[PDB]
Amino acid sequence: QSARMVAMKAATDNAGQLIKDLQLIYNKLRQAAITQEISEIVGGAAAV
Amino acid sequence: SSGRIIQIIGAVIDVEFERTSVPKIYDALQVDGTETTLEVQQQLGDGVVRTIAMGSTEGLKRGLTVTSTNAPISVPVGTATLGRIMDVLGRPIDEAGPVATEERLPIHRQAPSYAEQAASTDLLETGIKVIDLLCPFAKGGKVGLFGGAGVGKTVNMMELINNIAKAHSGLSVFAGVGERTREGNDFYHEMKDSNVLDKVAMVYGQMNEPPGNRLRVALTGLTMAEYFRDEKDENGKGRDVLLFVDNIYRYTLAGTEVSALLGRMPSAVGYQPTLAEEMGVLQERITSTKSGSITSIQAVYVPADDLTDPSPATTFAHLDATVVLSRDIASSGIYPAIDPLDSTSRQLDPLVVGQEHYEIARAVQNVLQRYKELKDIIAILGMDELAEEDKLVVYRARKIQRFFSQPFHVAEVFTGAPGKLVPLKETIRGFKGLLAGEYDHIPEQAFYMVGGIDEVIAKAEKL
Amino acid sequence: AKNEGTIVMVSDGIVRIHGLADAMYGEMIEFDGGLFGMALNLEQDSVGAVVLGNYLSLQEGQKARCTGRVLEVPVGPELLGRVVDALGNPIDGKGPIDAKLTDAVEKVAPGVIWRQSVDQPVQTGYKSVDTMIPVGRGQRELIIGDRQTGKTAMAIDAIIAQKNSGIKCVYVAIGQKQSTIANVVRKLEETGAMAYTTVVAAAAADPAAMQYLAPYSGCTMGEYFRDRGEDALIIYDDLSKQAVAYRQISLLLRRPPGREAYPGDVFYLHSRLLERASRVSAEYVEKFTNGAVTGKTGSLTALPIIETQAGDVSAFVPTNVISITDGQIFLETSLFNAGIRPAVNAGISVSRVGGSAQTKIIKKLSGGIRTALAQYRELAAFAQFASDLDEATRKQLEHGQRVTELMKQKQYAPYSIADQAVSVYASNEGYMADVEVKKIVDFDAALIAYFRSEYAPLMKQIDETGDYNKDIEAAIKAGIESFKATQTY
Ligand SMILES: Nc1ncnc2c1ncn2[C@@H]1O[C@H](COP(=O)(O)OP(=O)(O)OP(=O)(O)O)[C@@H](O)[C@H]1O
Ligand SMILES: [Mg+2]
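Those protein sequences? They're chains A, B and C, same order as listed. The first sequence begins at 55 in the working numbering and counts up one residue at a time. The second sequence begins at 5 in the working numbering and counts up one residue at a time. The third sequence begins at 9 in the working numbering and counts up one residue at a time.
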């Protein structure tokens, strides 16, 4: 039982840390994504 | 001399003047026969000026005359604005009559120069134990309020408004940028009911208003606060002034909308190209001159829970203290509800505040962090099963948590208990005594809503 | 001659006119074949105007004439029970509307000094939203969810549940298939809710200008009862389609682009519309009517609806409109498939007005349900490991399961205040601790039907008064005990 505790505890901790890093990546992509479309849209405004 | 509208597209309006008499940037114009005002925003060729109207363009046609004021938007400044509600143009919206002040000031002005800065950094005493001890404020500083609704955000604002006038004989100015009308009415009526309206001046820019109104509503409050600061009483000494910003994120959003309306290449994350400059225009006029000081309290909203977003990133470069309100503490029953571990201040250093204050604050923060680390072990492994020092840390942390709470003065007409303003020295002495261990036998229930330390002793011996 | 021009360009439903020098922004214009247009761009040497109708009959070189008036709609109580286009022309074929007066479509909300605190309740018939997310007269609550997630159902149920309240209702449909609108109208007429409801429809085949101007006309028609002291409710079925139509018009008019190609003035579009749902004070009603009505306060409640793609609430328009409203109701796609038919997510849905918009008995009895739901959210993974917990936590989990199954309800069956009160009282006390987890829905109705047949006086008193005194509590307890003793489910 005690051993399971420790093992399970570790998992939870790891999961928590994992989430954090993913969040960071997500935010980056989000910002990056937006910028791209704007540029393309601006290109359309110059297409005429 | 006079102009005429030549183009109407939404809010953007193009006006044509004479070859010579072309109004400068940021000048204010007024369309005759209508209650419409325009703000110069860009200068083009052939004496054509691109402006944004403060108001609505419905029922407007090309060929209407325009008269130039040859000056920026001027607002009335004085002591007759204490207890009134005005819009961006300084017009009453409370149906209480015209403001008797006859002297006006422009809202566009350069920041004070390099040689006009204060020769030292002096702390500001508020009377709230937790704010003074762990997030000390500075005359000319800036505080960012991170909190949701239902955590007592307005009550704290009113308490600070009362405390400054009671202690430092100062005044306050409130500016609402893009606020809801319902909450504005509620706030005004709460101020009237609590009797703090007399010491404050209020300016509202509504959410249903065009972005031009919401963008230029903070400068009016800034101008009023600046006039309050430089008023010289006998023997000079100026005055200390508070300024309030209901939300600064909406200021940046209004700037973005205005930039998009005028038409220019978007920056990263769709922000306008001139973001940091626009914010530094606002945040560099809030400082402590030789005559007196202005301190600003601003509410900050983080979009998409992203601290890396350009708007909060630009905001955080000017903030000196951060006050965080947590729902967890409010449920626990400890008001005011300010987190003592997520709240930070740049003035908490041994140089500005001293050595003993720094030591006491760091010790309290360390004890709180230790308690935060130990709760989980008690929760899962079990109660007790631990050495004595941990248990002593837990008991002291609980006593400190109870001791942080204090009654306020703006709630006297509701609960009936008088408010307590605690001088810093009393807080320092009480916390040092608690950390020493003298009050290791006093019941913790005497630390709740009890104000100063001696008062704790009296409540304990009475019980 | 300043009141006559010519057409020089026709394309994609937009006509450019050369003339009309004294033409105002938003003024209506008359095309040759009994057609109307709205001006939106006043350039140096041309006027941009959208056509409110079929532009395929317009050709270059035709004439135009300015009306001299802003866009207006007929307003009155004679529009109740009728279906009309965005401009007031009937489409149900039941005859002309005997209009008495007209009102402008673009108007400004009342100032901050004329408002009033929201303290009166509005019922929708759903226990989950009536006890957790109260809606008051003058509030602004938003329903947001993915496709086929239950959004329209809830709006129609809210409209239906005003049978015995005296609140008028306006229903605006934007960019929908005509068959769906016909089915909705038929269902409304079948129940009997069409005796006090107005319907404005702009189908998917209609011009984008109509789909863009429909909600403003609907709000103008709903503002009639606010100024005269009598309450009203308005529902916009999709603001997303209005935003799409606005984007199309702006892009076709060459306004500068932005994130997702939306124009700059898009937040203002919904801001100036949603801010008109307010509760005015008695002084405003006294002044507007010139002393005809005294001591009465008006209101207007709004229930906008927004659709999100794949749950991306971070999009431009959902974020724009979330920051404007006073609350949010979130409907999940996973909960709909899992069997929770109303599919309301508790945990991310909030009401800013709160408990100030409830009756006495509902306000007293909502706390137990809120606490039980919170505790069930706290501990739910322990369902498999129930036997290993102590008695208190196991009891908490069982109570949470019973409560979360009590929230399920069927379509077209609005609950009354007495019904909700009886159900909540039976739950807050220990009465529903013996029934099985799977049979709670059957037990709840049987209990409701036992009342209204043996205790109807009491139900009428609760419905008409809303008070809560020791006497009512005793009657409710005695009735519940009698039902549990004698009848069977
Ligand atoms: N409370 C309910 N209980 C059971 N079924 C329901 C309930 N509410 C809606 N439904 C059904 O689930 C489906 C959802 O349709 P509905 O019109 O409510 O969704 P919607 O969000 O408006 O969709 P759309 O995006 O297609 O307009 C329909 O078949 C409807 O009959
Ligand atoms: Mg739908």
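Simulated from the structure, these hints should not be mistaken for lab results. Among the hints, erroneous ones may be present.
Stated by the list, open to error - Label pairs and their calculated CB-CB ranges:
1. B/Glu459 / C/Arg385: 55 to 65 Å
2. B/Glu107 / C/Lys108: 27 to 37 Å
3. C/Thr341 / B/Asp234: 28 to 38 Å
4. B/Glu107 / C/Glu12: 45 to 55 Å
5. B/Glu107 / A/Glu94: 49 to 59 Å
6. B/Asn370 / C/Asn353: 55 to 65 Å
7. C/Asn172 / A/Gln90: 47 to 57 Å
8. C/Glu481 / A/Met62: 44 to 54 Å
9. B/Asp332 / A/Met62: 17 to 27 Å
10. C/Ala453 / B/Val417: 24 to 34 Å
Claimed, not checked - In silico DSSO-like pairs for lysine-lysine, Cα to Cα no more than 27 Å straight-line:
11. C/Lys71 / B/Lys65
12. A/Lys63 / B/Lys379
13. B/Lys170 / B/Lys143
14. B/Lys65 / C/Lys10
15. A/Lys63 / A/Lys74
16. C/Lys295 / B/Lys196
17. B/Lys241 / B/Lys170
18. B/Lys157 / C/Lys371
19. B/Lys65 / A/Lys74
20. C/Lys115 / C/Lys102
21. B/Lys376 / A/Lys63
22. B/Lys376 / A/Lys74
23. A/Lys63 / B/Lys395
24. B/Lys143 / B/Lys65
25. B/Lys65 / C/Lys115
26. B/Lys196 / C/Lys115
27. C/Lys10 / B/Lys379
28. C/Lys295 / C/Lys115
29. B/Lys395 / B/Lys436
30. C/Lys108 / C/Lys159
The beta-carbon is built from N, C-alpha and C at its ideal position, and this holds for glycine as well.
For each hint, the structure was consulted:
no., hint, verdict
1, B/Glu459 / C/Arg385: 55 to 65 Å, "violated, 40 Å"
2, B/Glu107 / C/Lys108: 27 to 37 Å, "violated, 52 Å"
3, C/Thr341 / B/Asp234: 28 to 38 Å, "violated, 60 Å"
4, B/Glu107 / C/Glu12: 45 to 55 Å, "holds, 52 Å"
5, B/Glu107 / A/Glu94: 49 to 59 Å, "holds, 53 Å"
6, B/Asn370 / C/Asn353: 55 to 65 Å, "violated, 40 Å"
7, C/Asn172 / A/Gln90: 47 to 57 Å, "holds, 56 Å"
8, C/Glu481 / A/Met62: 44 to 54 Å, "holds, 47 Å"
9, B/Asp332 / A/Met62: 17 to 27 Å, "holds, 25 Å"
10, C/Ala453 / B/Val417: 24 to 34 Å, "violated, 49 Å"
11, C/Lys71 / B/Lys65, "holds, 20 Å"
12, A/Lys63 / B/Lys379, "holds, 15 Å"
13, B/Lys170 / B/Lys143, "holds, 17 Å"
14, B/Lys65 / C/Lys10, "holds, 11 Å"
15, A/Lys63 / A/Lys74, "holds, 17 Å"
16, C/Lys295 / B/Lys196, "holds, 24 Å"
17, B/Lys241 / B/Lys170, "holds, 17 Å"
18, B/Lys157 / C/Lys371, "holds, 24 Å"
19, B/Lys65 / A/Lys74, "violated, 56 Å"
20, C/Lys115 / C/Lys102, "violated, 30 Å"
21, B/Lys376 / A/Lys63, "holds, 18 Å"
22, B/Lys376 / A/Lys74, "holds, 20 Å"
23, A/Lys63 / B/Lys395, "holds, 24 Å"
24, B/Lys143 / B/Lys65, "violated, 50 Å"
25, B/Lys65 / C/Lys115, "holds, 18 Å"
26, B/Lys196 / C/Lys115, "violated, 30 Å"
27, C/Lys10 / B/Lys379, "violated, 80 Å"
28, C/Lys295 / C/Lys115, "holds, 18 Å"
29, B/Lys395 / B/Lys436, "holds, 19 Å"
30, C/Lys108 / C/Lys159, "violated, 35 Å"
Comparing the model with each earlier hint shows violations of hints 1, 2, 3, 6, 10, 19, 20, 24, 26, 27 and 30; every other hint is respected.
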